[PDB]
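For reference, the chain that follows is the form deposited in one PDB entry, supplied as structure tokens.
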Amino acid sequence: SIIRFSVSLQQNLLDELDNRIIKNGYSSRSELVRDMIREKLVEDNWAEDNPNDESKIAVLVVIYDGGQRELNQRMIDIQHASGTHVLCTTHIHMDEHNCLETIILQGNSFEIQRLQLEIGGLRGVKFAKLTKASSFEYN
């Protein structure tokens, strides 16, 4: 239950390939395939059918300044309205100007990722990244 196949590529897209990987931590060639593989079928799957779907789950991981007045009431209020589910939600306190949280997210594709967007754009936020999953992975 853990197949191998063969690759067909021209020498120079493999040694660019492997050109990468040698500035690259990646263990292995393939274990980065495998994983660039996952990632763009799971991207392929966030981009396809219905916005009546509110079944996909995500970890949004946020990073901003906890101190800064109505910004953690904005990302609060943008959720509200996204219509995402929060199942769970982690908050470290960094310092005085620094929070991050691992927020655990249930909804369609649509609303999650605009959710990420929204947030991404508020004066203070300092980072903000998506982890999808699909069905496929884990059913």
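For the two forms, the rigid core is made up of the largest set of C-alpha atoms that agree within 1.5 Å on superposition. Positions refer to the first chain, counted from 1. What changes on going to the form deposited in another entry:
Of the residues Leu87, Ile92, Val33, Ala81, just one CA atom moves 2 angstroms or more between these two forms under rigid-core superposition; it belongs to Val33. Once the rigid core is overlaid between these two forms, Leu117 does not reach a Cα shift of 2 Å, moving by less than that. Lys129: CA moves less than 2 Å between these two forms after rigid-core fitting.
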Given for the second form:
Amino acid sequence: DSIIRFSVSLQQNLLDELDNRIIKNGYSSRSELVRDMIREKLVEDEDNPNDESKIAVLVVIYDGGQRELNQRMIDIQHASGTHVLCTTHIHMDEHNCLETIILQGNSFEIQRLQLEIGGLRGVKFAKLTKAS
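Okay, that's the form deposited in one PDB entry, but what's the structure of the form deposited in another entry?
Here we give the lone chain, stripped of any partners or molecules.
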């Protein structure tokens, strides 16, 4: 119950923004800001994963010039156990594409899909919105 240290790993872009935020908001260290972030997050809008079918949307921004990236996302979707209702792509700038994936599946399948796609090289982010 003293002071523990643990390691966190960020992509440069995220780290640089964190560093910028530390300065702008008057924090003294990365450790201090991240610590404050964790206190807040714990107490705001705790859902046990279950077998209930739910409808969900995955918003993905990725590098459209990254070869095989879409194939890999398709591979992950195919094996995810989720039922993809449809996907929509648009070009948001000369490099980036924004894709919305509307799908249904249980908690385990959907969370698994978001994490696997989000961890792909070329994927800027994969943000999940679920309903029920």
